[PDB]
Structures are given as C-alpha cells and as structure tokens.
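Let's start with one chain on its own, the form solved without this ligand, as structure tokens.
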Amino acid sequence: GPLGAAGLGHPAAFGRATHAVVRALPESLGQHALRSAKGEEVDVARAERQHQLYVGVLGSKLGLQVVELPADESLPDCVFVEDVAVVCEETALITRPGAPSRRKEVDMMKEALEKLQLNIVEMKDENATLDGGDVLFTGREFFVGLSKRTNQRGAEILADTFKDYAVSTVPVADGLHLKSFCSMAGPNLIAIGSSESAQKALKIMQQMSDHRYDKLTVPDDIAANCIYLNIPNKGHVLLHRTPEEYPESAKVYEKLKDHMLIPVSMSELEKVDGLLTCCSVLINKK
C-alpha cells in the first residue's frame, strides 16, 4: 500500500471517490420543501437545470459513477441526499433525520448503498436524530453539529459506527447545520466562514482536536460549503460557489493555485437551504 504523503493523489488519498449517489428534485420542492427563512420564490425549472449541471460535473466531467435516484413528489426535500447517509470507507450509516417527515427518504438510499455492497448500519434508536449535513469528516476525525436536527444520541451512534475515528460535538445555532458554514477544501484544509458564529464553532472544534488544521476563511458563511475531491489523473479538485453568487468568497478560492476549481451554481436550491455538499453522497469503492 501507499507510504508517506507525496504526490497529487492515489486510490486511497483523502477525498478520493469512485461513486456518487444523487436524487432528482420533485416539482413539489418549490412550494413544500422545508426552509429556514421566508424568501424568494423558487424557480423549480432553474433548480432542476442547476442540479443537472451539478450531476454532470460529478459524473461526466470528473468520471464518478453516479447513481441517480428518482424524485418522489411526496418527499419535497429528497434531493438533499447527504442528510440521510454518512459513508466512511466501506461502511454506510443510514441516518435518522431530525425532521420526521424526511425519514421516508432513508429507504431508497439504503437500497442504493446495499447495491454498492457497502456495510450498512441503520439509526433506529427512537431517541436519536442525525442529519448528515451536521457531520464534518476531516479525514482524521469527525465533528458533529448539535443542532435542531442532530442530537447527542445521534452523535453517539455515529461514534459507535465509525469506531476507528474520534468523534467530537460542537453546538450549532438554530436553523443551521454544521456545514452551513464549513467544509473541507483539501487535505488538512477546512473552509470556514468569517461570522462570529462560524468562528466560535471553529474554535470549539480546534480545541477538541489533537491536530492543527489549516483554514481557508471566506467572507460569506454559505460559500464555505464546497466539495473537495481527489480525482485520478486530475488531482485536487474543488467545487465552489460562483463569482456571480458570492464574488468576495470566489476571490478567496481563486487563490488556490494547486486546485482544479469548478464554479457550480446553487442559487435556486439555496432558497430552501440546499448547498453543494447537500446534494450528493460520495463513496470510494476500492
């Protein structure tokens, strides 16, 4: 196997994926999806086009094998597959979402991950809730946001499932997920917002950790949600929000001269709090 830390990537590198699971959005998303704040009307056709372009980046441009689950009109939030599963190595934790009406989304995700021959562990404890959006996996450990959607028991079950990794919790403000203001932008590199709320969470995370991470600080918390991938024969890749959406944050990502930067629009789904990480579950099948 691999030794040392050199090179631009290999089949066991941090952020390597081979597969992605996504799910189409239903027409009912526009009116019936849950959302943290009143806001502008969702253009569902535009949201569909943006989702289609995002899937095209993962599958066509970057070469992942993409499993596209069909929309369910009775599950308006079903596009946000990250909340229903957390995958680490060959094990998939099927979560118990904090919003009870999203718990129906679990079935089809579990089916897809079984077909990919992952080891399946299910949250069934009636006292446990966990949204995948509250989970930051750094490659070395997990941080789990304690929010209105994820509680202490859910974090405990995650820690029981991925026993080989440290798990620590951090309080998250109401209406937010942990990854509403952070994500990994590269090996040992955490993208983080500049708000007092985001900085308070980062401090709690870094004081719980036995490691020192580097930071990529962006002026817009929402734009700290990005997707880092290590892609064969391409190397470090970063999907990030567009200059048209967050020009001041795009200026920061543009400094990453050793990344392949891919701007990806999410402006319509953001209206129902959908960001980049929310729309896929990434899997490394070795």
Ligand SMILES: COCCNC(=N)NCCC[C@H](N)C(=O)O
The other form holds:
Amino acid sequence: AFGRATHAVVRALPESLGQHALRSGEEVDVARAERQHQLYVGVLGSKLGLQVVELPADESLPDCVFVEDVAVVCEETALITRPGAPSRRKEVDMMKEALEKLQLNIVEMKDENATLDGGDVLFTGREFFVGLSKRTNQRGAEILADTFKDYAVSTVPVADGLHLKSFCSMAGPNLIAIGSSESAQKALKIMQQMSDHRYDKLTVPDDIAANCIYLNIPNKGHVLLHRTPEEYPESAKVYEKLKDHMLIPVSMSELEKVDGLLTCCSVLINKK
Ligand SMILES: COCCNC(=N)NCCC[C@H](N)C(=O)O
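Show the same protein again, this time as the form solved in complex with this ligand rather than the form solved without this ligand.
Every chain and every other molecule in the complex is listed next, the one we just looked at coming first.
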C-alpha cells in the first residue's frame, strides 16, 4: 500500500532561521513560521495520528527544520545523506539518533565526494528518481542506488538552484503532481522516458504547489496535504478535483522564503 506511514520525524526551527537560513528579499516572520510549522506538525501527529518525533532546534543550524534533506527512508532502511551545503552537514547527528531509536537499519553517506539532499529524491512506490542538482551529485545518487537495492534508481538533471521536488511530488498511488514550467515539464519527460512504468500526472500551474504530501492512513484512506487556496488559488482548484482524497490545506508561506516547501519539513516512516 503506497504512502503508508506510522511515524514522522520533524524538527523545531531556530530563531536564527530568520536571518541565517540559506536562500536564493522577503523578510522572514519567524513567529509566523513557527506557527505554520506547529500547524503542520498538528496535522501529521494530531489529525492523522502519526507518532511524531519532534527534534529540538539547534541555533547553530539555521536550516535544521528541513529534516527531509538529511535522511531518506525506504521500508526498514534509512540513508543518512551528506547534504550539498557543507554548513548543513551537522544536522545529520540528531537525525541519526532519532532514526536509530526507530529501529531502522542505518546507512551513512560518508564518501567525501558524495552529496545528496533528500529534497532531490522522488520515490514513486515503484522506483526512485534522483535530481542531479546544485546540491546532489552523481556520486550521492550512486550511493542511494547502492542502499536501496530492491528498487531502480534513475537520475534527472535539475536546473538553476532547484531540487527535483521543487516542482513535483507524489499525490497518490501511481500519481505524480507536476508543475507546468518549462523546467518541470522537461524534467517530467526525462523521468517518463527512463521508466517503463506508466505514471499518471496531476498538473498544476504553480510549480511550488506541486510539492505536496500524500499519505494512506488506516480508517481514513487517501490523504493529501497541499498548499492553500490563499497561497496558490489556481493550484488548489486542481487538487479540489481529487474527490476520493481527504484534502488538507496547509500553509507554508514563511518557510517558503528560505525555499522550504511541504515535503521538506518531515521524514515519514512505516514501522511494523
Ligand atoms: C523539496 O525541495 C525543495 C527545495 N528545498 C529543500 N530541499 N530544502 C529546504 C531549504 C533548505 C535551504 N534553506 C536551501 O535554500 O537549500
């Protein structure tokens, strides 16, 4: 059953995020970001019933909230990544310990010529696509392939300071939410060309709004966290058509200013 999760790892955001998190002018309202982040944690843990592991903020790591970039979990195995920005590399320490306590088999990306950000990795339920980007390189992608041996891994070039999931993510079984920009469409075609699996797509006019979270929840069924109609009205009208999903609008406007989207803020785990 694709999208099953029992546990999520998240991490509180530091005061330092407002001035120190990496970003490609928009002033960050750190109190509003904390509010948005608390609301997102509420959905995962309270509303959907996942067991959430809330990591404490570390003021020395302005981007620590973005736990997705530091770990990729597939089944009973966790790849601890080697993030592409060297300043984010100590974020792995706390995540390794949390994933240890969750009884995952841990593989650490230690190779000094390898980098990977978890935000470059799209797992479809059938295979992985891995963005080759400013943050993820070919070697990082190879070590992901070596770690998740049961699954095919293919790479796709990603331009211009983007991550693969800057413009896509899974919206359901067999369903890739994908943005309409020249970048996103060029990337989708490459992915579709490299795989024999025939995916369906859900095309949205705002690349950013293609980053959503799908879960398959006991006694709830298909569930999708997506950006709000106040943030991306024309994309929310597209998700509204998913009549068999429980749709949950989640705001992420403040963390978006330092390139933080929905998937970025949690690592999801399915535990026996
Ligand atoms: C889904 O990935 C979207 C892109 N964002 C991402 N991977 N991580 C969050 C932002 C991390 C950091 N602030 C940066 O600019 O690198």
